[PDB]
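Okay, here's what each chain looks like letter by letter:
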Amino acid sequence: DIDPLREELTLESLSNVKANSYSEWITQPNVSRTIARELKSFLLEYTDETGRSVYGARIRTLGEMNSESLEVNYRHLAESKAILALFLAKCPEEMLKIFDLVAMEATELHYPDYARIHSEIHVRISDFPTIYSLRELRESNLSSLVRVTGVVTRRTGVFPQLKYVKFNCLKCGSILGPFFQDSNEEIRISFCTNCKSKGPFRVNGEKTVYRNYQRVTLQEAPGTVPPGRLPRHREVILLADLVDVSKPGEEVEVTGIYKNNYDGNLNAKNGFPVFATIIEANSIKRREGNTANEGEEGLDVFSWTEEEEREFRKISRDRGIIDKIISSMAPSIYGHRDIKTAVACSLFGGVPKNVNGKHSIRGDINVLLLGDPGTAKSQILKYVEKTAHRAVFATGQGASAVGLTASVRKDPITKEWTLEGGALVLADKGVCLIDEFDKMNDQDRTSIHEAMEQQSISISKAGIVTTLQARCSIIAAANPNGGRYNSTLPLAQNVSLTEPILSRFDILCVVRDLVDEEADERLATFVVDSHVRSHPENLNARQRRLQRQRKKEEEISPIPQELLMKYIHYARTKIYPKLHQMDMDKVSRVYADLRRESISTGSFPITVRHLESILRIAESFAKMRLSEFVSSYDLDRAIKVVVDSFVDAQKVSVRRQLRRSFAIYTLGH
Amino acid sequence: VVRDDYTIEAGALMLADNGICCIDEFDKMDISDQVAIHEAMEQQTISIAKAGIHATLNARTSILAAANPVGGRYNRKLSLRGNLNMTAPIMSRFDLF
Amino acid sequence: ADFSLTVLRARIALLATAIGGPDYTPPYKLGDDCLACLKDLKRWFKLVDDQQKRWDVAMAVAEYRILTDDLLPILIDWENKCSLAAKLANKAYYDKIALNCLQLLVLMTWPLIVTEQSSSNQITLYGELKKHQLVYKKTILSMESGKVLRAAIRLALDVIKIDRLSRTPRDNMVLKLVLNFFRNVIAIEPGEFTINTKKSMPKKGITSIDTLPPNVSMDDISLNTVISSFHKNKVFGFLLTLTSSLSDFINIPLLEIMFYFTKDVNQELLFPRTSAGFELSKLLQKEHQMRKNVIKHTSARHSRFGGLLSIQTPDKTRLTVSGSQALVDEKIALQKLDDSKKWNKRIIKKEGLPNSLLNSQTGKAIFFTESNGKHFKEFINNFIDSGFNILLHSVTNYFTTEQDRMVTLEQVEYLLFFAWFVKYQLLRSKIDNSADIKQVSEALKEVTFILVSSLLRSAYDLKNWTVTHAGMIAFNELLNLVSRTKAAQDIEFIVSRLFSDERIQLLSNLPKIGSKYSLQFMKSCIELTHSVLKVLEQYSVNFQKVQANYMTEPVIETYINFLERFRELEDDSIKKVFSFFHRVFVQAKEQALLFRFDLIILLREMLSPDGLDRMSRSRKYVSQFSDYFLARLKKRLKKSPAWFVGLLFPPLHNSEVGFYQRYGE
Amino acid sequence: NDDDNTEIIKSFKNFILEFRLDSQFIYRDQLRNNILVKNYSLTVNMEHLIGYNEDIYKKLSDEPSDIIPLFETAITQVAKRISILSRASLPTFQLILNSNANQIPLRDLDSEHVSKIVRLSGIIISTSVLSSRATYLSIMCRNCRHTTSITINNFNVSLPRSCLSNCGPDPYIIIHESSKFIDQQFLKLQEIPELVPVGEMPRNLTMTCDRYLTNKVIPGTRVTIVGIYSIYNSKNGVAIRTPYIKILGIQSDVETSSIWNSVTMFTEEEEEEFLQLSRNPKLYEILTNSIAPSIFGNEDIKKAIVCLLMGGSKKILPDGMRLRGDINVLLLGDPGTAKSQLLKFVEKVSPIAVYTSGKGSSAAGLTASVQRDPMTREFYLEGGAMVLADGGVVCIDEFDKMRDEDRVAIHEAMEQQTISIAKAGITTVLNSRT
Amino acid sequence: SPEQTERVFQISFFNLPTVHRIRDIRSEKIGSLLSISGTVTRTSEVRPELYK
DNA sequence: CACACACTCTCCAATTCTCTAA
DNA sequence: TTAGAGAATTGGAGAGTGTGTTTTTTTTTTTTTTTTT
Ligand SMILES: Nc1ncnc2c1ncn2[C@@H]1O[C@H](COP(=O)(O)OP(=O)(O)NP(=O)(O)O)[C@@H](O)[C@H]1O
Ligand SMILES: Nc1ncnc2c1ncn2[C@@H]1O[C@H](COP(=O)(O)OP(=O)(O)NP(=O)(O)O)[C@@H](O)[C@H]1O
Ligand SMILES: [Mg+2]
Ligand SMILES: [Mg+2]
Ligand SMILES: [Zn+2]
Ligand SMILES: [Zn+2]
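Protein chains in written order, with PDB author numbering: chain Y, 173 to 710, 738 to 868; chain R, 612 to 615, 620 to 712; chain C, 13 to 37, 43 to 106, 117 to 274, 280 to 305, 329 to 405, 412 to 550, 556 to 606, 657 to 781; chain D, 20 to 107, 131 to 198, 205 to 213, 235 to 305, 320 to 517; chain L, 255 to 306.
By construction, these hints were calculated from the structure, which means they are not laboratory data.
Note that beta-carbon positions come from the ideal geometry of N, C-alpha and C, so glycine has one too.
Among the hints, a few may not be true.
[Said to hold, decoys possible] Listed next, with one range per pair, are the computed distances between beta-carbon atoms:
id, chain 1, residue 1, chain 2, residue 2, range
1, R, 685, Y, 659, 49 to 57 Å
2, D, 341, Y, 798, 50 to 58 Å
3, Y, 180, D, 154, 33 to 41 Å
4, Y, 659, D, 380, 33 to 41 Å
5, C, 358, L, 294, 56 to 64 Å
[What the hints assert, rightly or not] Using 27 Å as the maximum straight-line C-alpha spacing, the simulated DSS-like pairs for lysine-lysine come out as follows:
id, chain 1, residue 1, chain 2, residue 2
6, C, 499, C, 484
7, C, 391, C, 435
8, L, 283, C, 341
9, D, 427, Y, 525
10, L, 283, C, 157
Can you build the whole structure from these sequences, using the hints too?
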């Protein structure tokens with residue numbers, strides 16, 4: 173009594189392939205129905221290690237965001253109904269074509285009529301278990317799913333591409349059948365149903381539907397490219413909801429379908445029957461974080477789950493959360509709590525302000541690590557590159573005026589001018605880290621002056637006249653004149669910089685590597701223990744390695760590093776603290792004292808941009824407590840940071856007088 | 612950085632990644648060119664921001680440097696720190712002399 | 013209609029998954050209700066392909082791999098389950124599903140034919156279904172190395188164990204089933220290509236003939252793999268015991289098998305008459344001599360060098376020819392002047414049966430490995446010494462009764478089987494002396510001579526050439542046998563007396579029509595005629661009168677047309693032709709019958725350095741014949757100048773002039 | 020189908036003739052007032068179209084490219100009725139739209155919007171020369187010499209493949246003498262700086278306007294557009324085609340005057356506010372405190388920035404000698420003194436201005452640069468910051484960090500008010516009075 | 255398992271009696287097995303030939 | 001556009017096939 | 001059995017249709033990086 177064309181199989185039965193290819197098996201109607209029900213049952217019945225329905229939590233977020241794309245983790249298929257994980261790797265172009273319909277029905281169970289919001293859902297497969305460089309791809313990958321790493325090197329505009337097309341025949345019918353269009357090659361039809369002979373056509377205008385299209389040239393990552401040998405590339409194609417996901421110069425990781433097609437230009441110039449190859453992208457991830465890490469799944473390492481936001485809210489009300497977070501900045505670097513304090517403030521930032529639309533104030537905190545050799549100035553900066561959301565690193569003679577900032581490119585083909593963004597654009601809403609800042613050329617170093625305060629880059633070159641945004645915090649590391657700090661001199665004589673750039677930095681840290689027989693025991697003990705703990709030879740393995748990684752990390756740090764990375768991004772994106780105005784007498788007397796004692800000739804350039812700094816730093820401490828309001832304890836911690844950093848920059852001949860004069864502000868916390 | 620789009624041309628410290636870069640005439644090297652190795656000696660990476668090509672590159676290289684005193688003769692009246700035009704930032708990078 | 017096709021595919025795919033699977037605990046497990054699924058699939062084959070002549074079920078059972086993924090594993094596991102028990106010496120249930128698996132193997136492997144009576148849907152699928160049959164043969168021969176052929180002989184042993192008398196017809200049926208299974212696995216053979224000719228050719232021809240599926244090589248299907256898998260699975264020992272145990281029901285399947293794997297083996301490879332390196336070397340020296348002749352015809356400078364010749368001719372007028380080679384060689388100049396002509400006269404050029418010695422190229426040879434070649438020759442030597450004599454005696458009775466029912470396929474597989482075995486066993490007894498000739502003594506018995514001669518006569522009279530060709534082959538072999546036994550020593559005289567009037571006229575007419583048919587037909591007529599004339603000469657009704665029945669222009673025409681193919685002939689066949697021309701010239705003094713121009717061109721084209729090899733035994737007697745021919749031609753021309761036109765044209769029949777032309781008073 | 024178009028047309032004639040608020044027939048009156056001064060267009064505010072009959076707005080917004088050109092003919096039929104005596131001609135009227143639909147950010151335009159009326163905003167970075175599109179082709183056959191014509195409306205037609213009445238496969242030539250044409254202009258619009266996503270280059274659209282919307286803007290102006298987001302099949320991927328906007332209504336935000344020969348574009352309700360303000364006895368106190376109100380002190384710098392925003396007076400002598408009327412000011416000083424915050428303020432108060440950094444600048448990028456056009460392969464001249472800022476203020480921050488070769492290019496443009504060029508066979512003196 | 259294809263075999267001859275230079279190349283040796291010594295200036299992507 | 005090449009379509013007569021009487 | 005008259009199929013003339021073709025490419029300005037100035 174069942175319809176013979178409708179009848180179905182079992183999970184036992186799918187493995188017994190009985191067709192000449194997976195392509196031919198997956199497309200048979202009874203097989204297709206069985207696959208759909210299995211994939212449906214995976215999304216409905218799978219639950220987390222904690223026992224929550226993770227794909228319910230993903231579907232909630234899908235329909236609330238009105239997102240068209242559902243993230244699915246490949247490990248969750250390898251851990252349950254694993255033949256589906258196998259077919260998905262072997263022939264994704266047919267398997268995803270079913271799993272997109274199953275995902276539509278899985279979300280429509282939750283949100284009836286979501287069809288009126290999007291007609292279709294796309295599955296963004298994540299954490300695919302094997303990875304290739306672009307050099308390692310071979311013909312045996314064709315039509316299979318790949319995961320691949322590279323630098324997105326060109327990224328064309330976003331265009332409407334035709335998706336469903338009817339055709340007009342010139343001879344007869346305005347209705348040739350609706351071809352779904354393949355994103356690789358022309359329609360090539362050679363026939364008409366309304367007239368059974370060859371003839372001309374026009375693409376029909378009664379109905380069509382469009383999808384967004386964008387190519388991306390993806391090249392090998394220069395740290396995996398063997399030196400002196402050329403980087404390889406591939407064309408990548410991004411379709412609807414994947415367009416505009418990555419910016420030129422990011423290290424990107426793609427999952428997608430490796431495909432090939434005939435084109436005559438290859439066959440013409442190469443003289444062999446050779447086919448061009450294209451990765452149709454199915455998901456994209458950006459290779460931020462430390463990357464030598466198993467504990468960090470998903471397409472976005474700085475996303476949080478609801479059980480993670482609730483954990484941030486819990487710890488944010490720990491008494492002493494600021495001093496726990498500060499102790500967790502570079503937890504394997506001993507001492508330097510003033511640098512860790514300055515790094516914490518710069519890494520959370522203040523609040524940017526606009527006043528009636530007329531005027532604006534800088535919210536980012538800039539930091540100068542000035543000091544002696546072998547003192548973790550460069551290790552502190554390399555830690556902030558792992559820890560910050562968007563970050564860029566640059567060094568001395570390796571950084572130019574317009575490799576920072578921005579430059580104008582001339583195309584070789586269309587051969588008119590365009591902008592390429594520098595390090596202060598690619599770190600926008602983020603940090604730029606400038607190692608050996610004293611050893612930059614003055615012509616290169618003075619490119620930063622606009623991006624410090626106005627947080628913009630105003631180019632007028634080659635008839636391009638415009639302004640980019642450049643809201644970075646800048647952290648810089650430098651050595652004094654002669655390579656060593658000389659404590660009897662004023663700051664303006666210890667350094668080759670000048671007042672306009674020294675005043676743009678709004679925390680200064682001076683590091684003196686003085687000999688002491690007990691601090692050098694405490695430091696040497698910590699460094700010896702840090703080598704033994706970090707040694708590369710010191738309930739299944741993919742989980743079992745995480746209990747030892749957690750053991751070793753929590754010896755050093757008050758807070759897990761994975762939690763602190765997400766806690767910082769959360770505090771930067773959600774929290775924007777306001778001021779109660781009870782500060783007026785403290786901050787005004789601090790500024791008046793700091794200005795009056797700055798009559799000394801070579802002293803630090805305390806300026807109105809250094810009153811304004813106390814207000815930024817107070818907002819950064821309120822962000823660390825995850826508060827929407829600055830307290831008087833944040834105003835005291837900020838005045839202590841700014842007064843201590845001013846007093847530590849003075850010559851030993853007046854440091855006693857200044858510690859004695861400022862005691863009500865230095866001893867305030 | 613090479614053009615005509621910009622790209623990376625590998626240098627002596629990258630071509631020796633996971634091996635030894637041997638540098639002769641070291642004291643006769645211009646100090647403006649000497650300072651370029653301070654990241655590659657210690658942080659073992661070269662990082663770049665020029666035109667349209669920001670980058671970070673491996674330089675996991677041991678350095679062996681040969682030098683002459685300023686004046687040719689090792690002035691035996693002086694500690695090593697005075698015979699040689701090097702400053703504390705690079706003098707502290709070499710493990711032993 | 014197309015809904016019916018996709019519902020049929022869906023129903024058969026759901027039956028195909030219902031049979032069983034690897035179990036994954043791999044050891045294939047029977048599905049519950051497997052017998053009912055097998056019986057239902059047999060019902061599907063019958064109740065569609067018999068009832069509606071469609072082939073659609075037989076096509077779609079290959080799509081879902083039922084043979085290679087279910088029927089083969091089921092038979093091979095059941096074979097192991099019975100082998101183990103025999104070495105220990117519900118099995119009554121598993122018998123029924125083993126039998127029904129063999130039943131479906133025979134249905135799926137059954138030979139395909141296309142005919143006038145063929146369906147519009149069968150002719151559509153024919154060329155495709157031959158590919159799936161090629162995959163079935165590869166899989167049957169290689170899947171666990173022919174263990175399924177071992178399972179087939181086991182199902183035959185199950186009925187060989189019970190007596191020749193006390194057996195039931197429902198078991199003699201199983202014997203015929205197993206024999207039909209082997210003939211099918213043998214006679215899966217790669218298909219014909221076919222083109223629609225309603226629309227004329229483009230500026231290239233048929234750019235590939237290659238009728239093979241994506242994962243089959245030509246070697247996976249060859250008799251080498253067949254012989255290998257038969258010897259490893261003791262199939263030959265089964266066939267040999269079976270063909271000896273004949274002391280009616282099965283004789284015709286058994287002859288069919290012996291035809292289907294003797295057909296394309298030219299026997300001479302079975303007798304050789329560092330060795331492979333010496334053989335390679337001699338052939339490279341012949342190709343070197345050919346390339347030396349091509350180099351002697353090629354430009355000593357580049358293609359563009361441009362030298363241009365003018366040839367003065369009678370009537371004191373010019374032609375022109377390009378190329379440095381033409382300047383020095385007058386013969387090359389005239390050859391080039393003919394080569395460039397843009398005219399060609401239109402040529403004229405010429412059924413359900415397998416490719417065989419009737420149809421395959423004269424040069425074709427199948428390359429046995431050295432173990433395969435010894436395993437084959439030892440099998441057929443045992444078969445000849447045991448069972449050929451009784452097997453031929455049995456089927457020649459069954460077909461002397463019942464002649465009119467033999468559709469052309471039975472008629473060929475009888476005639477060719479008779480000829481091939483008698484030729485092989487004559488040749489074995491030529492080289493080996495311990496081979497008896499008289500082991501095939503049945504071939505000359507009066508009942509078989511009468512059958513072969515009747516059958517050829519009826520095929521000639523009904524104009525069925527494929528059967529007349531097969532008749533001519535078998536008659537040529539019977540004549541070889543008669544001549545051999547006469548030389549060895556009254557049955558010779560009985561057959562030799564039996565053709566005196568009418569078969570003489572038939573065998574004289576055969577070469578007169580020969581010029582209208584394929585090279586293999588002309589070859590057979592020439593080998594037959596050589597043998598006949600050698601017999602009648604040895605016996606002496658009147659040699660002069662009977663050979664004068666052959667000395668007529670139409671025979672000389674087919675001899676010239678066979679000799680035009682000489683670049684692909686062998687020295688044996690050229691020696692047969694020139695023996696006949698020597699017979700016409702010297703023994704008859706007929707010589708005017710051969711003076712026509714077609715022979716003069718053909719002698720030059722083969723006596724040329726570009727023609728026959730100079731070191732060939734074949735060239736020596738052509739050179740000798742040509743010297744005698746030109747002497748008699750010079751004499752005739754000096755005596756009668758009109759012969760320059762008479763040599764250009766066919767001969768006359770106006771009486772007085774026709775006699776004078778032929779003999780010179 | 021032409022029964023259906025006749026009902027759509029009849030329903031919009033009745034919108035013009037019946038739509039009234041208070042005593043006044045505001046679209047009949049606007050048509051007549053536009054006919055007399057000879058602009059053949061109507062501006063329609065879409066809240067009024069929704070108020071009259073929402074089914075018409077539904078029709079219009081479902082498929083604009085097929086309904087806009089039906090409302091243009093409905094406007095012409097009313098334009099004849101209200102301005103010519105029957106039984107005793132006008133061109134095809136333009137329809138211009140005003141809207142308060144939500145602005146779509148320029149980067150959020152995607153396949154969901156193709157063929158829809160879309161309102162957005164941006165900075166005009168470029169304007170082309172005018173080009174001629176046809177609105178009426180006169181037509182004649184090559185072979186039989188039959189003659190006819192093709193009315194054209196410029197949304198999403206070509207020469208007929210058949211003679212209309235062997236006459237041939239492509240029979241028609243255009244009679245240029247009897248054809249009629251309209252102006253078309255291309256703009257390019259960048260998105261607004263405060264709407265660019267983090268770390269991206271500001272995105273760009275090309276777009277087209279025609280008739281009375283041409284010349285209504287200049288490079289650097291901030292505009293809001295209403296238009297049809299649409300596609301064209303450029304020859305410059321697969322099954323892919325380029326997006327653009329058919330502009331239906333430019334609306335410049337501050338009444339920044341566009342291409343403008345000082346003409347009297349002000350209105351009496353603001354001119355009488357200015358003519359009272361001029362006569363306030365405290366006016367220079369009011370304007371001084373209105374400069375950068377969040378910057379404390381610097382009173383003389385504010386007083387001088389007020390002088391710079393007015394300038395002096397330009398003079399032209401009977402000698403032919405030209406006197407500079409523009410005032411130039413240098414803020415030379417210590418760090419953190421509000422020099423750059425005052426430059427970022429004068430960029431916003433001045434009706435035309437450009438902020439730039441001397442370190443981010445070139446001689447060519449400041450004055451004018453010679454480009455090479457990739458199609459003609461000819462050189463052509465493009466204006467830099469001094470030409471973009473012409474008639475206004477250029478703010479040059481970090482003027483001490485400008486290269487000595489780049490600072491010198493400014494010497495002519497600060498005194499003689501020109502940019503002289505002699506490059507690639509171009510030579511000109513461009514005006515630049517800043 | 256699915257069906258797995260025909261395997262293609264790369265026969266790799268080596269250790270020839272003699273080596274030719276790029277300047278020794280002559281069309282007379284077309285279709286014959288040589289060995290060639292040289293230095294690589296460039297290498298292309300690894301691309302798929304349509305073989306069968 | 002117009003003029004060569006590439007390629008298909010269609011008709012006509014030239015040749016060979018088949019049957020009959022001399 | 002030859003030979004000659006009438007029937008069928010194939011070759012190719014030639015008419016018809018359809019497609020591509022010009023073609024360049026340095027020069028002159030503007031920029032951004034290395035190094036040799
Ligand atoms: N306080 C510290 N605690 C632990 N390790 C340290 C400390 N100070 C320095 N080190 C280690 O010693 C090395 C020197 O740090 P590094 O960041 O390279 O020095 P630096 O301060 O930037 N000096 P320099 O490059 O010469 O200006 C690194 O391997 C650090 O890990
Ligand atoms: N007088 C002031 N009144 C109000 N805010 C001020 C004042 N002076 C300085 N500031 C603020 O402090 C910062 C000064 O930076 P900026 O205006 O860029 O300094 P600048 O004069 O251009 N100095 P510089 O670029 O170093 O030569 C801005 O955020 C100002 O709003
Ligand atoms: Mg360092
Ligand atoms: Mg400033
Ligand atoms: Zn059609
Ligand atoms: Zn006409």
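Need the list of violated hint numbers for this structure, in ascending order. 1, 5, 7, 10
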